[PDB]
Amino acid sequence: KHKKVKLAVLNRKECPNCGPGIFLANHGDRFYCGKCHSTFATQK
Amino acid sequence: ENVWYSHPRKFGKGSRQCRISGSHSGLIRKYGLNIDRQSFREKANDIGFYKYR
Amino acid sequence: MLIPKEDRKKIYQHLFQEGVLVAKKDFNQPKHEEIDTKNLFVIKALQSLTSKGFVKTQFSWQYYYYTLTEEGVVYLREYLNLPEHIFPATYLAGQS
Amino acid sequence: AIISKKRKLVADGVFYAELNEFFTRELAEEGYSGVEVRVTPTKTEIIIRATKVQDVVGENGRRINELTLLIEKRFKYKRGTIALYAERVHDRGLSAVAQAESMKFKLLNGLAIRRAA
RNA sequence: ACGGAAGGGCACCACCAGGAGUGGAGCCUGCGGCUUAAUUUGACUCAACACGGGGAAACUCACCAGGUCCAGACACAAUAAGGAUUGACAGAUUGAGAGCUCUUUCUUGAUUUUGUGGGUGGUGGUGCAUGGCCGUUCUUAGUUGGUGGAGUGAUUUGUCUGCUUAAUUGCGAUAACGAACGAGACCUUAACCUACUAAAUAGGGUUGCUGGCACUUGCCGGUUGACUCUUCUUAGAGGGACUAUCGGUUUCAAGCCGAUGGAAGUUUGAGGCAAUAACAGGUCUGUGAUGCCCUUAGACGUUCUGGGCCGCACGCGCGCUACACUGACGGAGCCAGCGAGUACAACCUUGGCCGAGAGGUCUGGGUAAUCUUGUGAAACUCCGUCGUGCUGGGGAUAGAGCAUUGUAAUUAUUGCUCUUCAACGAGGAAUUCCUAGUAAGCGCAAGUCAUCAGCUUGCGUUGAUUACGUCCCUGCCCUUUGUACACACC
Ligand SMILES: [Zn+2]
Numbered sequence: 094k095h096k097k098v099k100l101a102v103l104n118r119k120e121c122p123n124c125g126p127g128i129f130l131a132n133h134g135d136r137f138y139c140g141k142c143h144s145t146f147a148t149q150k
Numbered sequence: 004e005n006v007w008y009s010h011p012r013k014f015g016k017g018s019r020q021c022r023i024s025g026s027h028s029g030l031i032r033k034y035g036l037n038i039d040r041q042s043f044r045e046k047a048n049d050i051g052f053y054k055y056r
Numbered sequence: 001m002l003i004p005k006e007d008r009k010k011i012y013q014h015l016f017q018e019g020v021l022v023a024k025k026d027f028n029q030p031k032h033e034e035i036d037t038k039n040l041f042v043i044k045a046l047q048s049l050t051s052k053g054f055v056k057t058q059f060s061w062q063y064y065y066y067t068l069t070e071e072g073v074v075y076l077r078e079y080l081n082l083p084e085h086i087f088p089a090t091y092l093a094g095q096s
Numbered sequence: 003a004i005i006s007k008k009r010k011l012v013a014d015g016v017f018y019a020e021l022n023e024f025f026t027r028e029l030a031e032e033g034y035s036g037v038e039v040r041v042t043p044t045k046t047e048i049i050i051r052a053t054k055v056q057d058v059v060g061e062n063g064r065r066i067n068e069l070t071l072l073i074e075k076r077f078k079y080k081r082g083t084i085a086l087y088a089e090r091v092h093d094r095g096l097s098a099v100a101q102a103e104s105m106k107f108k109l110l111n112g113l114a115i116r117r118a119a
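Chains as they are written, first to last, in the entry's author numbering: chain f, 94 to 104, 118 to 150; chain d, 4 to 56; chain K, 1 to 96; chain D, 3 to 119.
Source of the hints: derived by calculation from the structure; they are not laboratory data.
Every residue gets a Cβ at the ideal spot worked out from N, C-alpha and C, and that includes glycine.
Accuracy of the hints is not assured; some may be wrong.
The calculated DSS-like cross-link candidates involving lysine-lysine, where the alpha carbons are at most 30 angstroms apart (straight line), are [stated by the list, open to error]:
id : chain 1 : residue 1 : chain 2 : residue 2
1  : f       : 99        : K       : 5
2  : K       : 24        : K       : 5
3  : d       : 13        : K       : 31
4  : D       : 7         : d       : 46
5  : f       : 96        : K       : 24
6  : K       : 25        : D       : 75
7  : K       : 56        : D       : 108
8  : d       : 16        : D       : 7
9  : f       : 97        : K       : 9
10 : d       : 13        : D       : 108
11 : K       : 56        : f       : 141
Selected chain d positions facing chain D (in silico; Cβ < 10 angstroms) [stated by the list, open to error]:
id : residue
12 : 6
13 : 22
14 : 30
15 : 35
16 : 37
17 : 38
18 : 46
19 : 49
20 : 51
21 : 52
Pairwise CB distance ranges, derived in the manner of DEER restraints [to be verified]:
id : chain 1 : residue 1 : chain 2 : residue 2 : range
22 : f       : 135       : K       : 86        : 58 to 64 angstroms
23 : d       : 11        : D       : 61        : 51 to 57 angstroms
24 : K       : 78        : f       : 137       : 42 to 48 angstroms
25 : d       : 15        : K       : 92        : 44 to 50 angstroms
26 : d       : 35        : f       : 98        : 51 to 57 angstroms
27 : f       : 135       : K       : 40        : 39 to 45 angstroms
28 : D       : 98        : K       : 74        : 41 to 47 angstroms
29 : d       : 13        : f       : 103       : 45 to 51 angstroms
30 : D       : 6         : d       : 40        : 21 to 27 angstroms
31 : f       : 137       : K       : 17        : 27 to 33 angstroms
Please model the complete structure; the sequences and the hints are all you need to start from.
Now the structure itself:
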């Protein structure tokens, strides 16, 4: 188990599927959501 | 929370249960009672069963 | 205990109107009867109540019973914010 | 409905058997011999014979008023169909269940073993 | 309390007169031993061993092999949003679309996570810390107290020479008189009632409408068309039995034995309830019945997934099917009683089609003297085929496929179809159960049950031989005797 690597103030574009609700996660050409488990592939 | 946390328990001995505690052995299911044979002797005359002969 | 606090206030809600809760002993159930929360969520909520004053309860025939004391009515008025002349089950609604 | 007559007659006995068991727990402090159910049309008269009658009722409808709501959620009933009364016992000497509660107190308090008998 | 000491009694859990057989064979299933990573634990003479309602495919499940989960209630306290911590597809990962995490930077907004207490959970330890309930001493005849007597006293007679009884059951004899509990009485069930009280959910008659038939009036019917009733049938409410009436036989007492009446004459048959006093008999593996010891998150609590409780040179215990001609293999004939049974589930399931079977399917009816159901079940009856040869008797081991119940049948679940066709020519010492609708053939139903009787508890068909007595054997009750025993001859 893990402490979650907690770090506030972090630190981008809103969701296509949902409204103004969740922000995307930036990687080396890789994306996934927070609330709607994890449902992205292409860059946005 | 976790996905797999059950088995098809709609039949057999594991799914069936008594009303008092929950013993999976010596279960009376005749007339839809569901009270095990140890506690049935205790609660016989209250339900209405008697030892006539 | 790990209960998002939207669900926990709905247990205090439903207790306050009727004044009685008859919870089954069955853990790992989809949702509770009448109230729209889990059975493990409901039992652990009323389990935490018993430690800090209240609540009159049993462990008989796979049926947990819960009926609030006089001080227990005062505790629930603080969180839910209802002042006086309310539901519970100390006095009747009218003719009953 | 529509259920057979043999099944409902046995189910009637277990319904009472549950009710008698819970009132042994709930009315342990206030005295309790038993329960007598009489299912009339619509309503149902549940007569609880006990020693301390006014304490079983409570403060003008509190103990019994809460207990009537409990029986509804257990066995699925509406407000009006059940009425929990409280009547006195026909003597303590013959009714041998009353002596067990007095003896249970005397051992829990700390009284003599032989001289209680 | 014992006695390898003596009188008098009693029991097919003893024995005589006999019947059926188990111990022999093959196989089903419990217990050992062996076996094993695990082959889960209880139980040890009658009173362990088809017992735990124990027929485990996963659940069950206390056990291994390898993993997940917090379900750490709460008292107070360390970060207390410059996050307490909750979730997380994608492929390395992983039995594995378990975020199990190690690759990841989005979520989530005080529910908690992190110390010390504090628990809750346990088919964890102890039946020799206990309670309830069951077993056994024993369903045997035995056990107590009130006045009066005998004893300084522990105590004792009453509770007994006899004769009866199934029985301290009763007659009679008397420092004994009356009394209670146990048994007997009581309660439940099976018989008898053409007399009451009754019913198209019970069956019969009058008759109609009608179907066919022998051709005279009469035979078989098909309808819940009509009218009416109570023999069977169910079940209220009563009677019937009291050893009755005689004959013998007894201090010619209490009873017992031979007739006659009677549906009934062993307490009229069988069970149900069951005294004081005990055992260190069984159960902590029915339990939010439970003392305290252990176990208290890297979990003996848990939860999912494969595997085992069924391994096989070998012993004993109940059991099933056979060792055939009183029989097996064919048709034909064809009769019971106890039960049981879904509507929020998937129950019993006729009638019609498909199929050599098992079983597929369309439909019902039934919440049940209404439909399954007349549960036309077996053994039996009667003509044919084989006839005394391990044979056509017997069915075990075997292989292939066709069905069904299941998430799953390979460690054949279960049934079916042809083939494979053995062991055993009435069983050695020993040994169990049994006095009449019983014994022993015979199947049926229920109980457990998603699917599985070679088991147990209940029912009705077929229905004997042989006592109708006794302490010789094996043990039980009293009296009289002896004791250096009193956790009492282990
Ligand atoms: Zn999204």
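Output the indices of the hints that this structure fails to meet, ascending.
Going through the list in order, the structure violates hints 5, 10, 11, 12, 14 and 31 and respects the others.
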